[PDB]
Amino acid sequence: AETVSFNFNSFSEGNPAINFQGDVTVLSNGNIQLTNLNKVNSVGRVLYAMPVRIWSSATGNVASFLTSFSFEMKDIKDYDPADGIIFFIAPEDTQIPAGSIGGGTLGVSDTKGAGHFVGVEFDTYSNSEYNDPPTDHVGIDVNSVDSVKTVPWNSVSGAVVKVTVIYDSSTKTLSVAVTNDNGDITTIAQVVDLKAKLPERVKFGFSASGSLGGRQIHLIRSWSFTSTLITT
């Protein structure tokens, strides 16, 4: 079996294991700050530098995976706390969409909300143009920020949030468990055929965005991942 495994308790801007895109900075505490609070339509993304083979064209086998991460979203004076963080999977050549308007796109899609990615979004603003639910929500995205499925959620300013994601290759189920600061758990699961929607080699990471009036602190505190693909 072919396995990719890593653990990040902290992040350093110098390290080759991570690719930094757009307005991403690394704070002295080791946290990744995805958006620039003084920039209009700010977009920042982070990717694990090594491409992970999630399926085989030779065997037809799809990898399984377990991944855990922690993030923080914090309000800033005068600006609307927007637009959120997206944990995404995309082709290895992925870049911030050209002429990105940030905001509702979450740095992974065009103005119409279309892209080439599979993701778990932690959306803190209601964009009617992408048919967003009325409140804060966790969503399962397939090539669009117009979510396949959403679950009502609450983004608490300055709160540390824990996420656990299981992708079972046999049932093609993407399961998400989100642990809020008040102790409650929020789940969302969706059948997503990764072979049909993504290439053999993909990159995994995080993305966040803001606008002119919609800005907030987007932080990635830690990340652990382990994926296994059967080669027999």
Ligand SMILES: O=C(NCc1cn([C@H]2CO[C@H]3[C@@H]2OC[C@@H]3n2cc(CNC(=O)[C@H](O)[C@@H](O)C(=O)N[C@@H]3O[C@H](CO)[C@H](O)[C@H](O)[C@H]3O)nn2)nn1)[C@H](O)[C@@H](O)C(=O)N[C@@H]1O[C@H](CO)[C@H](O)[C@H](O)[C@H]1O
Second form
Number of protein chains: 4
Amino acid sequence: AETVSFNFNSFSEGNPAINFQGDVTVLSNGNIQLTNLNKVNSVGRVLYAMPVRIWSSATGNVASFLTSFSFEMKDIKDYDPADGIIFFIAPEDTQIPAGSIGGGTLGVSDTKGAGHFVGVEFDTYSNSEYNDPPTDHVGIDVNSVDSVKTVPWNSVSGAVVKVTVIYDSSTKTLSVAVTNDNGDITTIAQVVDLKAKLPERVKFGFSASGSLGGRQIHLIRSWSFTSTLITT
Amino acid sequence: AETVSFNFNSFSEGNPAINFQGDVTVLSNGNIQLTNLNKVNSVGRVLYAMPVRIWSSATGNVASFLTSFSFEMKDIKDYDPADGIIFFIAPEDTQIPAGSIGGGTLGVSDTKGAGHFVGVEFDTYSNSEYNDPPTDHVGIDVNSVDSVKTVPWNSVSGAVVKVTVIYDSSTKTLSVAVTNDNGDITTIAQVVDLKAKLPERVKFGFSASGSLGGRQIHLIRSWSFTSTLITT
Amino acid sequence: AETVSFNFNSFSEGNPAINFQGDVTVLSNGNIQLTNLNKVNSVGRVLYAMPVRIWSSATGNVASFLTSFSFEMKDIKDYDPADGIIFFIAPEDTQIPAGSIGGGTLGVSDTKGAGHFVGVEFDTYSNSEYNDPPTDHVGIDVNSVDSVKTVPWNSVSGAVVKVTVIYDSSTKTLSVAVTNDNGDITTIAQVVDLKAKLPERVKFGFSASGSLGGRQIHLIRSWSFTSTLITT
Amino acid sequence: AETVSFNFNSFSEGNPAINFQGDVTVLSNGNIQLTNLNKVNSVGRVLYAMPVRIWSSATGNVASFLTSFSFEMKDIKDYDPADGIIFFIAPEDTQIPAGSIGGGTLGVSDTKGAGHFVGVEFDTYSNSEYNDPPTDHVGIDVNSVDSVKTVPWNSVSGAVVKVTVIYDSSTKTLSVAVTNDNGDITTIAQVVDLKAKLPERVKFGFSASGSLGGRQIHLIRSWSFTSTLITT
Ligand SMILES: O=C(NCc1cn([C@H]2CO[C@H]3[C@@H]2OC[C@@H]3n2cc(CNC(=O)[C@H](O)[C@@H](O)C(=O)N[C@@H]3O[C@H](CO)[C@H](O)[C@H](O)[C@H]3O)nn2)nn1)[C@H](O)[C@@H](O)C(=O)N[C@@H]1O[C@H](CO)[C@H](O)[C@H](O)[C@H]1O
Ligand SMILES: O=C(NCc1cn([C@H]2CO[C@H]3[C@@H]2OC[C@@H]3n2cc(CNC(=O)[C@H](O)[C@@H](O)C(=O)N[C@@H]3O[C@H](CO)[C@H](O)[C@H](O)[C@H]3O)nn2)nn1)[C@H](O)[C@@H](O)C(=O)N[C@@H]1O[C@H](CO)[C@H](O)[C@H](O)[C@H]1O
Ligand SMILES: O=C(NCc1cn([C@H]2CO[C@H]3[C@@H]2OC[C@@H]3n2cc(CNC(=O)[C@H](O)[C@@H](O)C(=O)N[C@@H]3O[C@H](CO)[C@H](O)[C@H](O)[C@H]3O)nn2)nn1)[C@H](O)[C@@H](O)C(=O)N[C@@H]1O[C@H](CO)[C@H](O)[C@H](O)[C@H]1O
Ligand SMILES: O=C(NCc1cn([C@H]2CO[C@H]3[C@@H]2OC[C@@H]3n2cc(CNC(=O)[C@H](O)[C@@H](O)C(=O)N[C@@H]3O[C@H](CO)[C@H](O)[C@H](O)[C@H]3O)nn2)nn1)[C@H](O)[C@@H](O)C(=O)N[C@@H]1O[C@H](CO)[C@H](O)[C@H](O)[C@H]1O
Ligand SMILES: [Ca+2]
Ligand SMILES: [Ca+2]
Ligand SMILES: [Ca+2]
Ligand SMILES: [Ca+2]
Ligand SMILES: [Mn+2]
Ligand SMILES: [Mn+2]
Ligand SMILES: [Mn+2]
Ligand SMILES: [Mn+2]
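Now that you have shown the form solved without the ligand, what about the form solved in complex with the ligand?
Entire complex below, previous chain first.
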């Protein structure tokens, strides 16, 4: 079988394993800061630099994967704590959408909320234009920030959040478990056919965005990943 | 919300927080050894001593859970490496079945392979009587060791195995990710209606068994768990 | 710290983690076959597709690494069993030298035996033009196939050879252990300043070559690697 | 050539291939436990029972060797996680020093830290009396626990650690690569003249020790070794 495995306990500028897009910076403590607090419609994205073959046109086989990551969102004075982080999967040539308005688009979609990606969003602002639920939520996104499904959640300022994601290729189930600061767990699961929605080779990463009035600290602290594709 | 959370980096004999059943022993290194290598049809089980409320009869709500554990199976001289470990969920009064034949029953079922439990087995012997697949496998069990579903796997002697399990109450999906020594991940997922198959309060744990000719080292090294049931 | 880690138990075409150069093919059994048995001066190379940051101009720190691989060389009818395999490190833009004569160059050097690389060669033909010792040998190469140091060895046709390599950044020592089919171990070690001989970002891989009359099967069976660079 | 080769996937107290010294026990799971958790100044050692000829007074030739082993150190409640494991080489008549104080001596030296051995220590306590560095460290020891050289390391409780050691007789270099649970590799290398420091025939093994208030689980899980001495 074909396996891709990596583990980041910290990050650094110049690490050839990570592609930096937009307003991303690496802090002295090793954290990734995705948005620029002084910029309007800020968008910052980080990608694992190696394309991952998630499915094969030869065998028809689809990879399974296990990934865990930790993030933090922190309020800043005066601005609205917005807009959130998305863990996403996209074609290997993925770039911040041209003319990105940031905000509710989470840096992966156009103004209408459409794009080419599969993601798990940690959304902290209700965008009526994208049919967002009225509170903070975890969403499963398929080519749109108008989530296929959401679950109520709560983004706690300065709290370290742990996430575990399992993609089971046979059932095509994307399962998500979010461990909050107060100890409670939040889960969401959705059948997503990665072979039907994505190309054979993709990139995995994180994206975050803000607007003129909606800005907050968006940090990626750690990330581990393992994918295995049966080669038969 | 109502949350049950715990973490075991090690185990100990004088700990009332764990129920020890049958042939289970705690080694000086802190590992749980489930079966007795010198006994015929050995069966040993461990349970978290506090019952977990997985569903409310008042609200009809079902808990989601996230659990991770690590184990080891090791071959022993002159015996068939058998029978395997099962991570299981059962009624609070669960005990080793009366007159247990061990072996293929994995210590949770009768001779016909029936019982009252939901489990994830790591099965290292092919029992034709329970319609086992021909190789080592991971299986999702519902009141039977004749698995609802299996996936081929490989039990590596002396290798430390890591498992992550997510139960998403809304989709009723039980997702499992198994991290092998060679780095590959094995996944299996199945819709299991925990509210329909189990009582309000349940016990979580591990069981393993052997027979006259089938014996191996079955170790539980660590276990973390979090369940959250919405109380509104 | 910054760590690159991977493990290949087998290989496959289309794996974006591997760069294929020249006459390389992947066999149905998962082995990499480096040279083309029907081509004159055949040269094939495989590289880990992600550049590795072996040192940083900012801190002056140099990475340490541990790598293990297994190979096989097998005689073919009529042709001379030649020329061998080289495990090498080179600048990230590395390509088969333009107008490569293959042969004793091992696919990493020019006709004079010069190049920009550090390698460990498993040499099966004595090239007087490169001051080769009179028998099969393991050599340590620094920008030349005229080895800095060699040790007598024996390439057994159809034998699976295991290699372990340690690079200790503090002493700048490149240590090599080769486990022969007859059970004996062969070692060779040399101080090589990777910071002085190579750029900050490099590629690791294998190369093999043949000539008109010198051809043999060159197989790469498995490869594991871990490098760690201390960061500011 | 003269070659000694062996491989232990498990160990037993009833096998003549190993010598057991002091407080060493073999667990039913097959692991070697070097120290007794309930004893003051506990010392336990194991040795490969056959003496290995590492050098020749006839030819002056010195053997090369490749060895790999895996261990685990685990914290115990109320005791300082101390003192560590040492992989050592010593005269064939080697015994635990008479009146051993355990602790910082790692079971191989006297109170002043002196002894007759060459070793690789995995030290988890800073003994100012032996000029220990302030954190956990891997050290190369020549007749003293006041290491010739050390490298910062981190002993993770309950983590399985993998070690590879290459001794190259021509350069007299002892190279060590340690693979941690967080994925990073730690290396240390030192020129050590075995002919000058040790007799022709030596014993290879492991030792660990504790004190009154410094105790932890010290386990040896597996060990493979190959040495080759040129007899021509
Ligand atoms: O004066 C009067 N009315 C006041 C008024 C307001 N205005 C205007 C002036 O200008 C404002 C304002 O209205 C809208 C306009 N504007 C401009 C903009 C532009 N930016 C924007 O829209 C945002 O920036 C947008 O980009 C955005 O929200 N991004 C999101 O930000 C998020 C973070 O927050 C996330 O990041 C997201 O992802 C991202 O999408 N946003 N808003 N003009 N007049 C009347 O007299 C009144 O007093 C009155 O009637 N009294 C009494 O009434 C009685 C009723 O019975 C009786 O009649 C009485 O007789 C009568 O006396
Ligand atoms: O494969 C195996 N065995 C095969 C086997 C044999 N059998 C047969 C054997 O025989 C039984 C049975 O099938 C039915 C049969 N029988 C025979 C009878 C007939 N008598 C009766 O009923 C009569 O009535 C009789 O009693 C009688 O006549 N008196 C009456 O007494 C009265 C007194 O008052 C009056 O006098 C009356 O007049 C008088 O009639 N009734 N029943 N079935 N399977 C291994 O063992 C198996 O364990 C194994 O492989 N282990 C595995 O190992 C693995 C590791 O390698 C893993 O660990 C696995 O997990 C683990 O599974
Ligand atoms: O160089 C190359 N190609 C060209 C070439 C030509 N030749 C030479 C060699 O030899 C021939 C020929 O040119 C002419 C020469 N000859 C032959 C003879 C014959 N005498 C006769 O016939 C006489 O008669 C003689 O026999 C005689 O006198 N008897 C006695 O005479 C008495 C008389 O009284 C009595 O009668 C006695 O009884 C009787 O015994 N006289 N002269 N050699 N190489 C290679 O391809 C090169 O590219 C190469 O190596 N690549 C490497 O390839 C490797 C794999 O291999 C690796 O892959 C490497 O990395 C790669 O670099
Ligand atoms: O060290 C240990 N144990 C022993 C010990 C002793 N101490 C204490 C106890 O004692 C000392 C000292 O600290 C200070 C204290 N002191 C001494 C004094 C002297 N009094 C005085 O001076 C007074 O004056 C007194 O004498 C007095 O009042 N008279 C009158 O004084 C008058 C003066 O005018 C007139 O003279 C009168 O005539 C006369 O009657 N005043 N204060 N600390 N530790 C550890 O266990 C050790 O083994 C250890 O760490 N192991 C390590 O463990 C690790 C795991 O953690 C790893 O496993 C390692 O590998 C392992 O190595
Ligand atoms: Ca939103
Ligand atoms: Ca079975
Ligand atoms: Ca050559
Ligand atoms: Ca010490
Ligand atoms: Mn949303
Ligand atoms: Mn089964
Ligand atoms: Mn050579
Ligand atoms: Mn020390």
